[PDB]
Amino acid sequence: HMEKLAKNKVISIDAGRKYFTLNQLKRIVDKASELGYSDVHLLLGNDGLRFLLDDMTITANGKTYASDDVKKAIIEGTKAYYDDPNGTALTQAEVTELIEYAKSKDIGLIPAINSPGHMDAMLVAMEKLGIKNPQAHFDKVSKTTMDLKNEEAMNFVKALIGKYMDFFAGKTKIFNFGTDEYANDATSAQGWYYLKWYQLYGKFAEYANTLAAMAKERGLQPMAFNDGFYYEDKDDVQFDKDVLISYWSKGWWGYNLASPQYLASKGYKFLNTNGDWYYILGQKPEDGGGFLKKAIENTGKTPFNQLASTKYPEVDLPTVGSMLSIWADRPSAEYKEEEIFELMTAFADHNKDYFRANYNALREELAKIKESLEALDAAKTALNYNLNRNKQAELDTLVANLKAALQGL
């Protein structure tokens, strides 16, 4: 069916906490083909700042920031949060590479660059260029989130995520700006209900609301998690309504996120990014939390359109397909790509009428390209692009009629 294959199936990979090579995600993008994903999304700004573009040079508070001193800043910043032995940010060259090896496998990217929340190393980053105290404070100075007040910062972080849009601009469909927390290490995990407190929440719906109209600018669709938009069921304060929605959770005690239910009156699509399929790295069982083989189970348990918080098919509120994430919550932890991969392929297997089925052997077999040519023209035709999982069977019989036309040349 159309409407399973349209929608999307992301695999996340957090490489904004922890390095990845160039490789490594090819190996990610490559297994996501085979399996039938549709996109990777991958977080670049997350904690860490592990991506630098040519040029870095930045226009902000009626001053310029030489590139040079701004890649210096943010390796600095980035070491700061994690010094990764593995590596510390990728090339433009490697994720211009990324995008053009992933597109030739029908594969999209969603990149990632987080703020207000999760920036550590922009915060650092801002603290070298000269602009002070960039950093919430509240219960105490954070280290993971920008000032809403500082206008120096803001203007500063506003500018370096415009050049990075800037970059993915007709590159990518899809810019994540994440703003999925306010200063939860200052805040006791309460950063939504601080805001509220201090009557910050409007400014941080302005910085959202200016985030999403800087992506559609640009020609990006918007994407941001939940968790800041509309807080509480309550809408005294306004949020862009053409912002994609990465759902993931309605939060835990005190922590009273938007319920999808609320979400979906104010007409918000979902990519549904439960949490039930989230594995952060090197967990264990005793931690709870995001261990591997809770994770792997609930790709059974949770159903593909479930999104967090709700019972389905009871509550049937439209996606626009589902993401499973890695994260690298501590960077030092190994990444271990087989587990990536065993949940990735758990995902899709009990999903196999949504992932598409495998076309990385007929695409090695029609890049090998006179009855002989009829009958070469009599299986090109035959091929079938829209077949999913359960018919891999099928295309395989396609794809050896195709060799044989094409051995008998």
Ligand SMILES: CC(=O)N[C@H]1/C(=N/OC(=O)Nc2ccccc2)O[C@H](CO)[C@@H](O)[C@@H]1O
The other form holds:
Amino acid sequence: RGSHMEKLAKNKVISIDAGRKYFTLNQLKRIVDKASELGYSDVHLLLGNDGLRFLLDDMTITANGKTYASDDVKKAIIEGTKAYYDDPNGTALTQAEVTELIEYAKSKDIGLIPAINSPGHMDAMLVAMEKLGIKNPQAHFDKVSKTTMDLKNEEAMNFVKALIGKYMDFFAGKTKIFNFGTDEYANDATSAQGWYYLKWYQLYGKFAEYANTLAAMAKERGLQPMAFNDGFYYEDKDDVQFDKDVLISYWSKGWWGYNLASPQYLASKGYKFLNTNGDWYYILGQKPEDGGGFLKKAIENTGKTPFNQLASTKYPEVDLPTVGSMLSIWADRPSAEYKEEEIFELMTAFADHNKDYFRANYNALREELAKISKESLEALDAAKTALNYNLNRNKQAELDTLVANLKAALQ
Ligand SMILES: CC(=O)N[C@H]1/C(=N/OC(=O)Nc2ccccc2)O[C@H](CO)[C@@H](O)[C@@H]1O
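Show the form deposited with this ligand bound, please, the one above being the form deposited without this ligand.
So here's everything in the complex, that chain up top.
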């Protein structure tokens, strides 16, 4: 049970699935603002998750000894993403929009953590590849996957690695972490038994090297690699080795015949966790009747599930090292309406149940600071000096008073 300092140093992350579904820059700014207000440290933004919803200004890709022109890559990606879900609200964020988003979050002490999913959840990239002349990028098992790249297809792999590298190059120097996903390999084509299928066809070693290369690409570009736990040391076996520097976003140990590594086992291999507990999931539009991650359950679970409790473990009987925790908003059915206040209420309850971990609200202090002769310059200083930047969410009134004193002095 940490000191105030340890508690505040942990990441508090709100995750938004803008891979499946379009979110405007304004919508994401409002999320950033609300995250800042409630005391979160980061917004985790999925840009590639099924749909690919982010184009750089220059999308020229070099791979397979060949060159794929920027205009063609954009067109193919737009077609890929539209084939997955032609969202009426928009298709993809631009490079200027994400740059502005990052610079807005930074002004509020909020990090951005981008996620570009592969080799699963990459519907949009698969079709984009077909459009660029890359035949059969899809995994084939019980049927031809719509979500997952064939690991035997070197043409497709090289392209995707080049694509992901250009994304990484953009986020280099702008964000600390890059999440490359790897959750649910070929779920759609194996009845959600993808890992078993990879092991069956002796392609799991091939998955690992793919995962290890993305990890290496991230580190080389000065980005801390992150990935979902699913495909790491599946079934607690270690004949296939994984990069030990990946931050594991741990969400679940899986279900009958989806026998993921335990958090105990990954901690024994040296891993650090971002606690992305499935208990906190909310899928837009999910009703109580539907079961699963509906709003009332997620809200209840921010109460029942301790901040540090990794899925499948009881806290504190099992106490594993985490850098923080992440509450996740998903868009499984992307035509469900995004209701801002649902997300806000859920964000609020997670903060309200963990006040020791969340910062106080510094938006009014910032607003006041940017408003700035005699012994009245002496006063403005003594108020400036009395500012405390270390206050948690339990101490908002204390902060309000310090801000009130500084307002007084500036008048
Ligand atoms: C890492 C993660 O949360 N992956 C998927 C996800 N996986 O949740 C599962 O429980 N998936 C699952 C179901 C059956 C067998 C194996 C995995 O949940 C979110 C909400 O449904 C989806 O948006 C995600 O894409």
